[PDB]
Amino acid sequence: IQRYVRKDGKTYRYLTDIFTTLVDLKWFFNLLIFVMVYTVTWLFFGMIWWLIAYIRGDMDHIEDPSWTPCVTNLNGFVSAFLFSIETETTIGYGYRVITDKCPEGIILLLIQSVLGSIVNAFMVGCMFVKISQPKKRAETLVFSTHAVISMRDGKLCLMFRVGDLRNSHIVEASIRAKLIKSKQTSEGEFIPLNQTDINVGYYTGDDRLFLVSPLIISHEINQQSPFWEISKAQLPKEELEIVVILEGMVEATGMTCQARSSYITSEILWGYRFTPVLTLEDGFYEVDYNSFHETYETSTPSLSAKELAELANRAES
Amino acid sequence: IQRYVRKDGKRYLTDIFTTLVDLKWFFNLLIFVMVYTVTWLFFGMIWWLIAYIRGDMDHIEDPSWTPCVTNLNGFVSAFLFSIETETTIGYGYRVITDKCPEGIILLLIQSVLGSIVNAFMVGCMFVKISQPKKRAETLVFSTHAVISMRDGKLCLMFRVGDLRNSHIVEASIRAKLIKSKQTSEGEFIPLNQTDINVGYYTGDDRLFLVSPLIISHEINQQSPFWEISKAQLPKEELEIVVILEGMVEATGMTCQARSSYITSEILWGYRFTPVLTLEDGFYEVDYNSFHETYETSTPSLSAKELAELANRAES
Amino acid sequence: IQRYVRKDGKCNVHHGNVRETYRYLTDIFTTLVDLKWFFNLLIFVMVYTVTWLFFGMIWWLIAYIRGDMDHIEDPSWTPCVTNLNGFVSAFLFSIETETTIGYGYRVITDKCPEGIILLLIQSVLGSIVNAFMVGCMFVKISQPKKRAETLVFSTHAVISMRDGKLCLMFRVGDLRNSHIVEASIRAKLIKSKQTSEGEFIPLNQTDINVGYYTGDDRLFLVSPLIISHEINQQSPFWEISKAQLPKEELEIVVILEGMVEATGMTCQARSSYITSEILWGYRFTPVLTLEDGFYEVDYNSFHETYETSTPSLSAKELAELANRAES
Amino acid sequence: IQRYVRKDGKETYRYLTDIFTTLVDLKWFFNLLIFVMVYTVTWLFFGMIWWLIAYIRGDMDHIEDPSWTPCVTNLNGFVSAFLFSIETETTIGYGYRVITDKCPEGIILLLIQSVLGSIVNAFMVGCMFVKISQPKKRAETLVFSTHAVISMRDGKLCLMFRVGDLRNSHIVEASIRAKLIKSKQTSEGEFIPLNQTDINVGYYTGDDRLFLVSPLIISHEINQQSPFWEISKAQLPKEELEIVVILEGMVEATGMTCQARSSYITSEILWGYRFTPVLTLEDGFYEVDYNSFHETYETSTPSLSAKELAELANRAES
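Residue numbers (the UniProt record's numbering), protein chains in the order written: chain A, 55 to 64, 75 to 381; chain B, 55 to 64, 77 to 381; chain C, 55 to 381; chain D, 55 to 64, 74 to 381.
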């Protein structure tokens, strides 16, 4: 079995999801604003046309055929409003047509047409911006419901599982992780919240990922990491939050998708280990998503990372 | 009290209106209004031209002669026909007849040109509000930056946040120092730029704007402030330029906002006041005290002198 | 001869101007056609049709509120829509109104408030459909990172000797010269490893240094370039040997991101290597042939033929022998 | 003095309009000529099929007979069909020629015409956006120094070259990287004729993100990691190397990014030279002399390369 060879790697769903999202969103937000923005200007132009009719007073000569009204077949407010909505939207049925005997009518038609073009351009731009975004969120790219600190290669390591559900919509990505918690400092300069970056491979470029399967991304706990002074017993009391952002993720189509999750002090487990999601066999591999979040307890020292390093130094010396 | 969601954090019409206002009517709207009007006027002129050439004007009320365009016997009539055809309304009171090939080709040209103009309209509306570098987007910076003691080391910190809602949480922050440096070789560079690290080595530049932070840069041996003292600062003429870029949660567009600090705006021995106050299950922000700063007790010696004193005390 | 690139142009003979009108039209046609063929058009057709059909059904229904088919013959009664009798009439009116045509043979009459609101909804829904449609067509073009078939990788990565160190190198190039430049490369290796604690990782990813520390991963690519990675302590290949290589069954992926000088867009290329495609103790054959005043590139023969002798043993053992002989 | 104190950002509308008009004066003929033919082809094809549907319907037998309802009212064979096609496709619909309900296939034909016209309008907008909103541009306002020099700076051998813009307000932030291209022969018998080696102009510390408010002298140090470590003054002419410099930045006026490129040869690198100061500060204001952007003046620097300089420094220290 080979990953791939000189290739990318080895569509009704997307359209259906987009249609469902649009249908869900259109009930409350879209139907109100997008309709009212046209309705207000159409009503405004209706009042303007009615005011011009009143100035010309063609209702008095509505039955009179000798008079030439500004707009043919104008009888009342509803007639003017209907003429306005006809003209502005570029329909022009013809039962009512502007005559050639009033320059004010020509000026109004020009203004209405250009303003309607502007409104349509605004409509298209707003629809494009709202529906299409350079970095849209993705329902895939689920994170592990737990982050586990475990024992790896002589050093403690915090890891969380991240992967893609569709097995093809994510190949390349990047990951960043920030711990937010409050300090006190030696000078008493209390800070209600502090952000510190936990290294996940920024120096070595390991932060970039080729996601072909679920990956257990492991942070390394060293003398330059926030968790360097925490232990098993001290973890529950201290309240800290971890925010993990995965970005720069193409979908083998071209756009960029983003995802974000977090972990709380009650959501971090000590001394556990992720259950492997992939099992190999002669000629084949099998991955079962049912064990994506499954974790099993393993033996590990309960001392702090600094305490573990001190114990190792004492034993070596 | 949590600052997360499983897929998000813990309106758009206003942003669109602000973008339209920034684009402004004078820059774009008036120009395209004029181009539309001149287009319609020119095509009305050519409609009069073809009507005169054919002679349709002479036989205004001749049933035998079928005109090129029905009921077109005046300049205002020709202008109405032009504006109706170009904008694709087609009332029908004025209709073309088949027996005029010149009218046919003119209609073809006018339709093509009108579609082109509409495409130009939309493309212009797909440029002024589609650039990937927006305005400041109300991402204010602290009017002052302070230098003081933290973690036992002298550091320079300035407050960064957004007075609007927490609708944007992503930022890369860079800070340059502009100063005139006299080289030991005698060369004088009047505008010298030196980058001060804010976490570039550790990747700490990519910060989370969940709340107004106090961005702090350590004053180490590499830092340009390695020789700046309390009395040295007033007589210097340095400058700091801070540029922060970030993408909003609404759309992938990125806004870039930057500010500057002159030597007057930098204070020695002060500290920012806290802006977040917590309570039993609820947190609050006093955005009034965003720029507030209170004096603290810090040594007046330079960072080099602090290091020398620490070395002497250790020795 | 040097690449003065004073106007961002490599000093190389170019024939891109010849048949440029044919070539650009052909590629913009093919790229647009390949995605849709009959996949976009069908969806467009069904959504427009079902919208129009829906409008027609509701127009027929509102006509079935005594507005017509009761006094159609009688001229005194004024229907909601002039000349609207059957379902076909309703469909033909909905298609005219929604498409912003409005011939006027069938036109709504002002004396029906229920029709004005219906037209109000129909016109705005049609405009929304059109705007969404233009956006859906547009998003195909706006996507960056378009696939590039012009970038090629060497079919055989090779480990060899370089300046006293073991180095793993492979050639990367562009099909035509002066098309892609300032490309960025990144190489990872996928391998199953077992920790000392008994933990098993069926798929472990490790980035191999190709210049990320020094920013050397951004290569100009004027000629087929032999991208090389030096084996050090941090290099995962530091433990493997000549005999271990056929038995490792490790895998390597390489990703290259560049910008096309013609349009300024972004392009991506991706390649893989297996333990069978990594030959030990070989070396690439040069593709450039310099001469007085001119260089010759035999790109038609990539010279993926290799030949070498001397390298053996491993990386760790070689270094150990090095400092043992040194001291 | 008081540089960028304001937080507003401290080329007119007429200039932008003139530039747009100049671009249009060349582009509009190209676009019209290349697209009108296929527009006419589409309309003529649809007019032909609108004629054929009537012909197979055979309504010409009752052209003068109003008793029999035709597919479309008041239609002639060769010309009027094309008129109806153009009146319908582009959403005009005068109404003098209107479809009738008596023919079923006319509805299908109209549906096809409308959907295809929508596709063509989408093509209009796509082509217009591609033509007017190209994502990359080659700005000519950024000029590199015609000469790069090597001199002394704080006891270190440093290679500098001058960069900057022309209108002083187009490019304000830009990243810079430089690669040396040289043929190298290894001790193992390898001969790579085109060896690329990046020279750090501040990539380690992020110093490459220049804030361009004035012509700036970019300086690259010489150390163990610098390829110029062994390059002596006498050795420099014989090296026949080459340097390529790339500078990408973001346009202040429009969020679109711009890129510039330049190169230097062994004959364009001078020993012991300094850029003359382009910008001089006076009382109350500064003055920038763009005429001295490329001007350089000789200065006294040691002729030995960096290695002998380091050896001499070590010997003096010892």
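Don't read these hints as lab results, they were simulated from the structure. Using N, Cα and C, we set each Cβ at its ideal position, and we do this for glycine too. Treat the hints with care, as some may be off.
[Said to hold, decoys possible] In silico DSSO-like cross-links for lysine-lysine, where the CA-CA straight-line distance does not exceed 30 angstroms:
| hint | chain 1 | residue 1 | chain 2 | residue 2 |
| --- | --- | --- | --- | --- |
| 1 | B | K301 | B | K247 |
| 2 | B | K64 | A | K194 |
| 3 | A | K247 | A | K219 |
| 4 | B | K247 | D | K219 |
| 5 | C | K245 | C | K194 |
| 6 | A | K64 | C | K165 |
| 7 | B | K64 | A | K200 |
[Unchecked claim] Label pairs and their calculated CB-CB ranges:
| hint | chain 1 | residue 1 | chain 2 | residue 2 | range |
| --- | --- | --- | --- | --- | --- |
| 8 | A | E203 | D | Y76 | 18 to 24 angstroms |
| 9 | A | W131 | D | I119 | 44 to 50 angstroms |
| 10 | C | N137 | B | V101 | 38 to 44 angstroms |
Hints, verified against the model:
no. : hint                                : in the structure
1   : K301/B / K247/B                     : holds (15 angstroms)
2   : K64/B / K194/A                      : holds (21 angstroms)
3   : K247/A / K219/A                     : holds (25 angstroms)
4   : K247/B / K219/D                     : holds (16 angstroms)
5   : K245/C / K194/C                     : violated (36 angstroms)
6   : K64/A / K165/C                      : violated (65 angstroms)
7   : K64/B / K200/A                      : holds (18 angstroms)
8   : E203/A / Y76/D: 18 to 24 angstroms  : violated (45 angstroms)
9   : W131/A / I119/D: 44 to 50 angstroms : holds (49 angstroms)
10  : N137/C / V101/B: 38 to 44 angstroms : holds (40 angstroms)
Checked against the numbered hints given earlier, the structure breaks hints 5, 6 and 8 and satisfies all the rest.
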